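Peer 1: Listed below are the residues making up each chain.
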Amino acid sequence: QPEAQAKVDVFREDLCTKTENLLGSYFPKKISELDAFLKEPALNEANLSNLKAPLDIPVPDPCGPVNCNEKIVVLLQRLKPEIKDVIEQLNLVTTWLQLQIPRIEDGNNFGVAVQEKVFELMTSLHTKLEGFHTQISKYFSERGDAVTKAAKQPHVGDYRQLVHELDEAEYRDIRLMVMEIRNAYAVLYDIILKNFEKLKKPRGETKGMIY
Amino acid sequence: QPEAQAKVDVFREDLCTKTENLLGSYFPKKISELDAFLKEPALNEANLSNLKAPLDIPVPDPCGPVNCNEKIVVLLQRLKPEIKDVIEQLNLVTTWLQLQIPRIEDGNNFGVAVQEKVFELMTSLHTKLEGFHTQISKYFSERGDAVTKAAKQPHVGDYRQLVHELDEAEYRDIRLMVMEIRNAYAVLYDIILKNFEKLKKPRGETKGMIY
Amino acid sequence: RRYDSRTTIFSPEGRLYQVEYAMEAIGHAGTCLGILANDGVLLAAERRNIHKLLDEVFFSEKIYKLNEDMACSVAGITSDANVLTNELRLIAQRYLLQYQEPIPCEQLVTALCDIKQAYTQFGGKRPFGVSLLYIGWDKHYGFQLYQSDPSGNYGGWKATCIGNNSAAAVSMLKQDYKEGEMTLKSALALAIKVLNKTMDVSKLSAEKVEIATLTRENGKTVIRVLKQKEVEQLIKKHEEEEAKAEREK
Amino acid sequence: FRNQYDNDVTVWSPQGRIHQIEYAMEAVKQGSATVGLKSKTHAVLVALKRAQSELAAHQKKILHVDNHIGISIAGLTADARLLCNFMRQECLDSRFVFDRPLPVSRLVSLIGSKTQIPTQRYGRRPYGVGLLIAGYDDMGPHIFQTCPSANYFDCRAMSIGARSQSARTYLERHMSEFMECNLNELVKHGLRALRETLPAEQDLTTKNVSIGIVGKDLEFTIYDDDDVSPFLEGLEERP
Amino acid sequence: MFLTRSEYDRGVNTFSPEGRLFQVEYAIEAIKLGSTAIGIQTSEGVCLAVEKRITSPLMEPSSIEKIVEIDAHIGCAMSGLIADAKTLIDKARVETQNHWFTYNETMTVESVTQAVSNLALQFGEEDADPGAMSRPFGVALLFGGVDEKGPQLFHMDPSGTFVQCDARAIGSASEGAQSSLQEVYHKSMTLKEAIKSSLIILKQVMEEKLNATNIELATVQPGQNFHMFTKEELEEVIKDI
Amino acid sequence: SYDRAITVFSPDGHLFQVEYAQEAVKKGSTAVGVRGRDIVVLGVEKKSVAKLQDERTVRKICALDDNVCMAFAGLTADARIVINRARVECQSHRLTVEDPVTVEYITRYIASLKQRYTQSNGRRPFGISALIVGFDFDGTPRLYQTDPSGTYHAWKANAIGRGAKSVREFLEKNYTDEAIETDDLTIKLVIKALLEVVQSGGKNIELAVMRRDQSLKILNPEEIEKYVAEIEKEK
Amino acid sequence: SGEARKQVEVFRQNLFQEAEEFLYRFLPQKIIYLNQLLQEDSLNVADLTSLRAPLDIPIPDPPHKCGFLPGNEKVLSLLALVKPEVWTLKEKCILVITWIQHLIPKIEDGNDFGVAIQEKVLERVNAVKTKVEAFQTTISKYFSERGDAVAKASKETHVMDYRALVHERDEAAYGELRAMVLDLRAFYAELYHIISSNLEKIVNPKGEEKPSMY
Amino acid sequence: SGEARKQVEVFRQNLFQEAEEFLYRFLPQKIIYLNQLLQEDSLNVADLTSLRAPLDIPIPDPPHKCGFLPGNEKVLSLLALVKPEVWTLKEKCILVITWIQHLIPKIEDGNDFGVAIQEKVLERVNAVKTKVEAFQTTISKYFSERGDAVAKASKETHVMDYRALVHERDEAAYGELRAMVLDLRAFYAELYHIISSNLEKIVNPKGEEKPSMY
Amino acid sequence: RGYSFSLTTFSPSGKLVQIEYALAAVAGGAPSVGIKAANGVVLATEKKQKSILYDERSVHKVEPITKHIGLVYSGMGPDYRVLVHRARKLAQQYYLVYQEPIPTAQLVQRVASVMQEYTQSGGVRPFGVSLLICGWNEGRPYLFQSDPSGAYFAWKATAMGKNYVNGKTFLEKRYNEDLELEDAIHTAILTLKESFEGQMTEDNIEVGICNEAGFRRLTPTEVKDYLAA
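Residue numbers (the deposited numbering), protein chains in the order written: chain i, 7 to 67, 100 to 249; chain h, 7 to 67, 100 to 249; chain B, 3 to 251; chain E, 2 to 240; chain D, 1 to 241; chain C, 2 to 236; chain c, 10 to 72, 89 to 239; chain g, 10 to 72, 89 to 239; chain A, 3 to 231.
Which bits of chain E does chain D cover? Going by a derived footprint, with three or more residues having C-beta under 8 Å, they are:
#1 56-69
#2 115-128
Straight-line C-alpha distance at most 20 Å; calculated EDC-like pairs for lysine to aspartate or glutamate:
#3 g:231 - A:22
#4 A:226 - A:199
#5 g:131 - h:235
#6 B:127 - A:22
#7 g:145 - h:158
#8 h:109 - h:62
#9 g:226 - g:134
#10 h:232 - g:234
#11 c:131 - c:234
#12 i:190 - c:181
#13 i:245 - D:60
#14 c:15 - E:202
#15 i:187 - i:206
#16 i:187 - i:67
What the hints contain is simulated information worked out from the structure, not anything from laboratory work. Cβ atoms here follow ideal geometry from the backbone N, Cα and C, with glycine treated the same way.
Isolated chain i, as found in the complex:
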């Protein structure tokens, strides 16, 4: 239907332009921002003890509000937008390749295969990022469980240790996430850039006209 065609064409054009913008400009820009962030001192702290934050649980022979590790929270606040941003970009690139996939045919599947291989990598990243998104939530819930446990049972010293251990682990995991997020943006650029000709035109435009 022609009015419908206009609506479909608009989406088709929009996806194509956005992807080229993301690959052409946004991906290089993001790689730079993330590498800078890794160099930022907050991201690299030599002594994890500095990260440890106060526990007000009264050691046994009445618990005041315990507080979150602000240093972890401020880092998370920087990391969270990026993790969400990458997932959105992965969806745009996955959709773009899918629209590019041509009519199924019995041969000249190479190129369709290149499109498929890239998709596998893009899908792998999407899965990894979702895991990062999940991990962020678990930290708040897990730490909260530990502090309540520490408050409920002041006698057990280990629970207090766990709260400190969880915070340190999160800092280390966050540092890896930033590195991985930068790497994912980079690998996406390399795979899409290197095989762009097949992704854009899987079948090829040849017309021998044998038939």
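Given chain i, put chains h, B, E, D, C, c, g and A in place with the hints provided.
Peer 2: Relative to chain i, chains h, B, E, D, C, c, g and A alone:
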């Protein structure tokens, strides 16, 4: 659009240089450092009865703070940095190889295959090391539960035994993680070094050109 | 999946992989170098064989005299080479019987290259895994150097190296060779310099290299394999010349 | 799985069955039905031809090998054309060499030998045409069927083709009557038997029926579209 | 529920469970890749029409030759791989000539189709000769000629089967063109009506608008020999549409 | 699945190995032919000197016979076999019919050779597409093209090889009766078109013209320089 | 029975007409509507701080049950817009799967390529179905998770991580909703493309019966 | 860089000597030691009832926290013997796994038979590792399970199944310790057998350099 | 993978694997040693027999192709006989055409060409035997080895067969170019002694000598004398 190609290029060069340093120097130095830690007496203790730390919980016919096993905690503090370091380096090696992977093509795949087999092994190490990280985190939670259970139910002797047993197990796991990290670093070097020519230049030298 | 078996299947992307795989084999082979000079053309090869208990009974392991006016050096599977060299010698002799004149150099190369193309096209046979440099004087085009590939594609090169570290040699030759100014003496020197860089051994053994020169003297071409004493002098002259440049530095 | 053992005529299955030969036998079922019956004095072949489209003419299902022998094809037409040529040449050869019409039985033996060679050797596919051969020789009227498997059988009557069991059933019940039948009666019995094969909506028409008759005084003749009208008119209506 | 295993399709000389010899069937599918060709046989003569499918303006239209003359009496319109057609048109040309030499007469359209068909049947590796293509031929030819029995159009398919057809369409739009042909064809139509009808059907099936350049049309009326309408003649008939 | 053997036909009736051989032609160097009223011009790009390589040995444009010239794009070795076989036929026709081969006869012969290779497994299709230019006895210029499949078509102007799509578009727009009016104009059109696809300038184009009775002439590099200059100046 | 075939044939015909219509009308319209919801600033909020919703739990300090703590209103209004869309897509996707399943042909030994095109399209439709179904589960998970955190935070007023969890859970849903509306829009688009590009093979898998070779 | 290879080669030379030493001396010695334990009467108790340990929990009847309930001493003494043994096998296996992985050759197209002999051995070593790792886990579970059951019995003195479970858990552990020592003895034996029979390919997979075809 | 099975298929990396596999067959073969002394060439090989039942006189590992050329083999035994027969035949063809005994170098080129032919076709298998060919032509001793690949190399001394690498090293240490054959035959028995793995006895070893007189197989008694050293 190569306006930001310089950012892409800087990252590409930096990863290559960082990798060479890790392959050339960090890995050799760490293997020596780790072997020293294995030589160090804390890691090798003949009788784990020495490792056992007393529990102050009263025995039945108000528990004071029950401390953790300091010996186990100190070993953990030496081991935890190392585990995180290997994970970071493993990410670096994976990223470097992925940048090295060439444009997908029908033939001359051997080389892309060597790259994948190496990539698979590195990923396998990543999984084991991620597992090691989890085991370290669980020790605190399980031990903390064991002490609380012991305190809540002084009548049950086994709960007390569990705290001692969990401690004994943790020492052994830590020594094995250290042994494994030394092994993991070396195998990573053996695989990359032995197959370096293909990993670096998978396709190989440009040929005569039939066309 | 696998479009690289049988030598008769074009891959999607139109590449005949079995021929490409064959070309890879030549890379493992010992370096052979040919330089064209106004006076003569020279072929120098690295005798990869260095086992102490081997005997130099033959005129050369890797330089073969196809006909009075031409010679060839082979890099690649040796057995395949022996077959091609026998064929080249027959093809040349057949031209002489028919036209009673020496085979023009390009024609001998074009004919062998045609046998090489056929092996690629027909299904049963493996593509020949040899790359060979032909040097010869023909009345029509004077002194000529030609390089052949397993593909059956041949080219005329003023200087070229086939075999291990071929790329390094071509790069060195590209800067060093002076077009129109080369003389056999200078070329033999260029050969020693390039061979020294390409070969892993720090000192050319003088038993690790075979150098053969084709020159027209008195109206008859002479293909002579330089004897070891002659090569030893060349190595010494190079060692001294380079050392003098280092001493100046 | 058992996908293996079915790829080639040269592979015996674990239970003694060469599957490709069986698969070839299935080809005859794909073709339109044909019925052949014999009387003491005449042999008759009747066929149900099929058409690609209304505009297209119906295919030839009955072909004349010689004055004394004719065949009806059920299955791949190509294999039939090839076998028919071999048969025609074998018959022509006998007349040149011995000046005698080839005994019909001998020809069928030759078709069997040629047909068997593809079955045992890697290479040519087994012929997938099923052939009904009818002829009058000195011994008498003869009706023989040939399977894609080289095996051949001599029959009082036979129908090969799609939905041919129905025809064989009618033929078996009315078989005794056939031996003493007059030619008109014999073709009529046959037209009825092939009618059984037809779908209930479809009816025998001058266009889809071909009759071939060979007899002591009749050279094999294929009565076709307008010449089947005498035999068809006498027939009744669908049971 | 999808069972798409196949595994008997590859390789002629293999009978599928169900005895279907799929490679030959696939070849019949190839003719659908080809440009549509429609032939109408009328008492006045047989008319053949084809769509050229010209890729670029630079290509010279005359070179595309989807209608050719086997002999004055018989002509052929081919749809499918052009190359395999060239071999089949050649066997036909030699066989018509061989018949003149041996019997001093003109082959009937049916015999000529049988002759080309015999070559097509050989794809099965029927003969031991090395020079026979292993693959079934990928072309379908419509052969139309005036013979002793008057105007006749026979259609041949990659299988090698041939049948007389009053009207047939071979090609990409054959399904649908055939349906339209069934409605339009009446035995009594004069060639003039048929030419118009065939071109009307082609205009509908062809993607491009009909122009003299895009179509090739030929007729073999009984008195005349195979005639190919020239651009001027084609322009007159297309204008009438 | 259906791409490993030339004989096999795909469900959908596509013979894949023949199509793949056509892909090989695309990897090859570009070639352009324009049929001028009195001159046929064939132009091919040269990949590079390589500095130490003699250029006489590498020749894409060749003369099959006095009146027929051929340019090829595709595997170089295959071309040398096809060119040689065509040359034997040209001379053999002259022996058999005493008459010079028409351009089309050579095209049909070259095509049949290629089809013969496609027809049977055990031989690989020649991966070459060729532009055969010739003048017939009437003196009409004729340009024909052939493909690995064996289809021959006559083109008023055409480009085969890498970038053929781009040049053919340029030719479609640029080609006109007016352009072919002057023999120099015809040479200019092919040079201009090749310039569109050639990364370098005139240094990388080899061009040749065949006149009504004159033999094929490969234009000297200087003559090419003059033409590129006139075109660049006019730009 | 012919009558039984007729009853299914009636259903099959209805599905075909709906599928054709849905393809040429509902699918294009939905792509446009969803893109607008994404364009709207409500799902484009720059700072997640604005989404933070009041959690009125008194903190403990040295000298009763908390008052009603409502759900983040901003998130709920967005959820209310998204929930109809998730279901329209699931139903429309289901209509398409049935259409393809009905069109699958009688099983045959070969010429099963058309079946393959149908199978690969079905595999995409199945993948979309699992993703969309999950979206519905997430909405319930948010309510249960946010609810549990609110309960824990009031029960242990001292722990402030629980308070952070409530804010984070709300933040995630805003982020997730944005992704989910993007995915539904993308899914209608991909479905239209696979079906339109491959419509011929899907509609007629085995094609016209082969002209008699028999 | 040469310096890096030297240190790693030193690690390899140490691993090779230790691995060879382990195969030649430690593995055979351990097989004798572990078999001695199986023969020992403690692991061959005829009546499992003797192993039963008293649970002094007041039994309820119609008209305080139970006295300390100690773990079965017999089981703990046995576990104390087994836990060191389990660890040594895991460590010795890890030394073998590293040695084989180090010996794996540069990936090359041909002569991959040796690579396969090593890969098959790696599969057995991987399988043994999972089985042994599981054994370490069971030791920990027994203490927790016996403890939880004891706790349940005290809380609900009336249910007697809980009492039976504790006695049953102990009997089960005893049966499993006997099996675990039998498995460790077998595992030490299997590794010696696979490595000893396949040593030449395992140490030198590619084999010596072949004559030049070039 | 796929490259390994075919003989006409070059592996990615350009290695013809079946030939490499064929060489492996030679390596498994019984040790054979060849030393080229100034006055002669000594070919010796282990003829270890599974049982006393085997009659040694029946089959000989060292065989004479012509009066002055003799060969020894390591590899598949049936294959040696095919090559020996073709070799004996190729030499007689030289004599008929040129009426001069064939130069040793010429026979090795010719036998090798036969071996290469077997390599080219898919139907046949490469020969799995390597031959050491020793001859005295033009007053000069010659020793050559032809591998299944079809390649001939000229060795002053070499060892083929089990423990070839160790054998060559022992020989390089013990080889002097000026060695006379009487000393050389001793060197060879020592080389075989390194890998015999059994008491050497006159029967267990077979030795042949080539000199101006021509190829001859030392009879068991003569070897017993040499072994006595």
